[PDB]
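Participant: Chain A is already provided as a structure; the job is to place chain A' with the ligands on it using the hints.
2 protein chains.
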Amino acid sequence: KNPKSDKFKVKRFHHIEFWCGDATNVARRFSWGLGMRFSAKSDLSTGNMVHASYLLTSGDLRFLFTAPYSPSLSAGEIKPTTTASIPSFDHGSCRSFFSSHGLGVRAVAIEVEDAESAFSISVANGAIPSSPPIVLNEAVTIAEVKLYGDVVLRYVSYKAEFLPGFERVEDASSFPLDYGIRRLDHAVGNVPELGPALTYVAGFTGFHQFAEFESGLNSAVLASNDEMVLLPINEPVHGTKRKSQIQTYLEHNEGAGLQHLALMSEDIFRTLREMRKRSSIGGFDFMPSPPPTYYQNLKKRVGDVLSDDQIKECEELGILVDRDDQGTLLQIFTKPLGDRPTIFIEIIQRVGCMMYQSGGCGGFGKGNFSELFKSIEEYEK
Amino acid sequence: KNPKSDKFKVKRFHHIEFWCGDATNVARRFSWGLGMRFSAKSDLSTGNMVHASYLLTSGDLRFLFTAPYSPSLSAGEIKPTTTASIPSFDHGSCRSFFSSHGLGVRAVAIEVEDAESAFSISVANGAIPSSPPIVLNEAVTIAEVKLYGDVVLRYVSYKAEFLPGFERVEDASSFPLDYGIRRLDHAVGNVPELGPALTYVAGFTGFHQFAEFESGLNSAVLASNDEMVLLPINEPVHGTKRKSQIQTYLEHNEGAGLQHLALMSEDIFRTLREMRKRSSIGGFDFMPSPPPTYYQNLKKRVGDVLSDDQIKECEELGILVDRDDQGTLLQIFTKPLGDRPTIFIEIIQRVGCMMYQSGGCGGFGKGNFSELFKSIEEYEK
Ligand SMILES: COc1ccc(-n2c(=O)c3c(C)c(C(=O)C4=C(O)CCCC4=O)ccc3n2C)cc1
Ligand SMILES: COc1ccc(-n2c(=O)c3c(C)c(C(=O)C4=C(O)CCCC4=O)ccc3n2C)cc1
Ligand SMILES: [Co+2]
Ligand SMILES: [Co+2]
Numbered sequence: 035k036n037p038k039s040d041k042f043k044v045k046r047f048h049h050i051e052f053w054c055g056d057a058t059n060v061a062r063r064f065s066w067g068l069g070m071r072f073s074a075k076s077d078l079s080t081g082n083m084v085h086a087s088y089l090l091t092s093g094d095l096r097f098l099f100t101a102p103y104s105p106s107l108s109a110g111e112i113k114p115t116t117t118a119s120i121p122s123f124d125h126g127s128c129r130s131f132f133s134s135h136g137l138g139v140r141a142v143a144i145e146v147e148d149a150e151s152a153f154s155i156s157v158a159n160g161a162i163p164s165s166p167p168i169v170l171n172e173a174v175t176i177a178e179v180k181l182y183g184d185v186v187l188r189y190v191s192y193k194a201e202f203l204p205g206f207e208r209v210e211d212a213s214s215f216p217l218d219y220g221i222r223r224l225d226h227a228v229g230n231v232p233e234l235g236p237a238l239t240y241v242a243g244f245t246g247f248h249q250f251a252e253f262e263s264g265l266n267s268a269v270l271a272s273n274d275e276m277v278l279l280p281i282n283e284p285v286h287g288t289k290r291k292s293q294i295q296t297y298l299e300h301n302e303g304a305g306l307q308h309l310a311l312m313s314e315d316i317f318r319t320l321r322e323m324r325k326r327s328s329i330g331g332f333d334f335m336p337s338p339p340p341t342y343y344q345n346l347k348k349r350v351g352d353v354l355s356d357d358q359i360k361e362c363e364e365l366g367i368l369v370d371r372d373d374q375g376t377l378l379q380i381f382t383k384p385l386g387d388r389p390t391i392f393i394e395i396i397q398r399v400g401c402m403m411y412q413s414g415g416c417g418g419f420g421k422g423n424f425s426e427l428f429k430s431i432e433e434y435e436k
Numbered sequence: 035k036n037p038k039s040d041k042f043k044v045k046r047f048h049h050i051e052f053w054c055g056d057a058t059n060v061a062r063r064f065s066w067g068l069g070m071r072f073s074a075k076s077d078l079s080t081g082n083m084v085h086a087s088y089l090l091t092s093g094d095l096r097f098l099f100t101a102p103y104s105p106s107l108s109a110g111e112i113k114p115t116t117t118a119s120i121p122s123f124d125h126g127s128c129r130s131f132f133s134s135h136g137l138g139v140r141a142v143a144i145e146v147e148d149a150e151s152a153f154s155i156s157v158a159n160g161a162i163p164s165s166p167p168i169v170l171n172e173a174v175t176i177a178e179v180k181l182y183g184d185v186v187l188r189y190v191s192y193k194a201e202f203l204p205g206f207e208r209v210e211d212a213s214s215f216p217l218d219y220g221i222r223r224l225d226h227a228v229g230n231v232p233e234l235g236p237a238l239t240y241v242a243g244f245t246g247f248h249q250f251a252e253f262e263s264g265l266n267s268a269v270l271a272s273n274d275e276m277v278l279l280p281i282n283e284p285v286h287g288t289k290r291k292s293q294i295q296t297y298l299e300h301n302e303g304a305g306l307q308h309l310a311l312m313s314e315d316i317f318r319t320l321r322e323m324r325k326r327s328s329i330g331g332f333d334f335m336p337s338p339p340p341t342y343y344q345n346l347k348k349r350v351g352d353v354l355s356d357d358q359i360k361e362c363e364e365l366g367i368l369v370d371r372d373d374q375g376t377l378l379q380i381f382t383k384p385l386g387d388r389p390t391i392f393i394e395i396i397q398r399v400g401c402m403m411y412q413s414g415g416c417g418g419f420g421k422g423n424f425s426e427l428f429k430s431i432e433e434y435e436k
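Protein chains in written order, with the authors' numbering: chain A, 35 to 194, 201 to 253, 262 to 403, 411 to 436; chain A', 35 to 194, 201 to 253, 262 to 403, 411 to 436. A prime marks a further copy of an entry chain.
Here chain A stands alone, though its shape is the one from the complex:
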């Protein structure tokens, strides 16, 4: 049941912005770890005296990494005279964000038809404003509303190349890495209470609850009209034996924030081979592979879709598999991206639900929880 109640016209995920202390080093580690190319820059070399920002791209995926410069470089400017290419940026907000959360996502940015209209209708429907709409070089407008914790939902709209003031990077510096990652699939938040978060976000966007099918969570998924912008949210469930990983998140993160980003790959086997090659030489580490019993019980549950050739290929890479009633899903999780046990990345491939592929095809692999658990028990036996 998809009511299609978007209060404004939403298109697709546009970019994810990371607030760091040093954008150069984080950007280079991510570039190598995920196979993302250096696409554009705004920094001292482009006249930006306020913040350094570097964009990585892989297919449609856009990762933005930003860190502040000393405020002394831009003490003489005023908001109308600013050299910052992202007008919402603020030194104190950024330093406070990163000292409070460490490395994490500041903005989930979606492209819309009219950013100003999306901001106005949003706040008229209960959104807490973060930065009012601003028009950039009469060409793009950007506005921000609060999403949860210190994460903002950023609206971007174009009249007619990332953002004004940014520059394309030199051919030399830009090496054409690509491990198969193609676009952002969903972005997930951890909150203390799911109800008020769901009520709040649904209420200013009009996103509807996405169709679902006893460890830690309780979650829900808001989705846009075409279900191409998916925004899951988790809350912890207390009093269990194994303490909630969601509560672990909230303690180390100092409150709500973005938990994981799910990236879609065209060939999840090539992605996971190439990412695993680089794990111990600067890239990313993966959550430990599930017991061989798990793969023994996969025949009986996904026999019709996965040949054991493609199946044993998942065993090599430790991939997890789940299926809904319309589709099937391949997924694996990284270890946390930084010092704290907070944000991590999911690589996914969806097969099914062709018409183009419809969003959420296969679900989000929640069954994999119980399945994994069962496997563990069976492999101990």
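Hints were generated in silico from the structure; no laboratory data involved.
Yeah, the Cβ is synthetic: ideal placement off N, Cα and C, and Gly gets one too.
What the simulated footprint calls covered on chain A' by chain A, stretch by stretch (three residues with Cβ under 8 Å from a Cβ of chain A suffice, anywhere in the stretch; the number is not a length):
id: 1; segment: 49-56
id: 2; segment: 73-86
id: 3; segment: 125-133
id: 4; segment: 206-218
id: 5; segment: 380-389
No farther apart than 30 Å at their CA atoms in a straight line, the calculated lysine-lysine pairs in the DSBU-like style are these:
id: 6; chain 1: A; residue 1: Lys325; chain 2: A'; residue 2: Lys383
id: 7; chain 1: A; residue 1: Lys291; chain 2: A'; residue 2: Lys113
id: 8; chain 1: A; residue 1: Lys325; chain 2: A; residue 2: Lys383
id: 9; chain 1: A'; residue 1: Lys360; chain 2: A'; residue 2: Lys383
id: 10; chain 1: A'; residue 1: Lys291; chain 2: A; residue 2: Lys113
id: 11; chain 1: A'; residue 1: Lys325; chain 2: A; residue 2: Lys325
id: 12; chain 1: A; residue 1: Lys383; chain 2: A'; residue 2: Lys325
Facilitator: Frame of chain A, contents of chain A' with the ligands only:
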């Protein structure tokens, strides 16, 4: 003339400690960019609730990367109950350091015979104390005095594996990278006034002025008794046409600090090949190569030591060459290591002055300034 006036027994450079906002990402970028192996860790997985610290090693070189966790994790501890493996660490000092300077060196640590004695004699001779001597697991003692800006000189002494509380890292995670880098050669500071800095540091260490032979600088080199611990210091020279890079440093860094670390390589040609391979895939970038005229004029100045086979091999890699009267030196500079135009790295090889090799053999390549300049002019002609 080497007076050998060390006020206490100094051995060698022990490690360099980096204060960052996220130690994981910086460590991984450096590991891949310089070919340093992951050696030890102190973090949540080792019981450290205060700070995450990761050590990289290449030969004798030890790079330590540290970032704070949320203070909430260790709000119940007191200094006697701390879980921090580096007792000098302080959340507010670290956050203030990194918001003020960005990524940079916090500690230059030298090994000595008795850290307590080195601290006491130091402060009795004018050193500003930073952290008093502390004994760790009845085995190692660490003490800190101020060096310049917010950089400290750290004394380390062992009774008899990095530091107590640290753990050796898993064989898997630890990939045996090595591009030839073998030890730290010198660590250089930029200050507003060279005289008071020289007076101050010489006065509490007893380090003597190292033997020397019109662009930006004015510098001097303090050295220990055997001249194996070298501590150059620069100040800016104003009023020139091209603004001092030292003054550029001080403005963007928000005061004095460490400008560059010089790392010695066993084969500088292998190091520079392997580092250059990785420049655009997560590693480091290099200062643009000097004009071919520069290499034309090299025959006439280093003909006796460098064969043109080894010489044209420098042309490939852009290496710079200088010579003193006792030795010869090969050197090249990276672009800055982070967002700000502050800290950078020098790779060097010294050939000459055998007996073991004596410190400073070849000097520090200051002649290369004028030489480079001349070359530029000649290549324009
Ligand atoms: C080896 O030890 C392990 C291995 C794996 C796990 N695990 C996850 O963390 C995990 C996640 C985070 C999702 C997920 O994607 C997410 C939901 O949970 C909430 C709604 C939508 C959504 O996107 C799906 C399955 C998962 N599994 C099996 C724990 C311990
Ligand atoms: C292509 O544009 C360029 C290329 C290169 C340079 N340059 C440096 O930065 C540079 C440095 C930093 C040292 C050095 O190591 C240092 C001293 O200067 C102070 C005392 C001891 C010490 O260790 C030696 C030679 C250098 N040269 C030619 C500027 C602009
Ligand atoms: Co997911
Ligand atoms: Co040098």
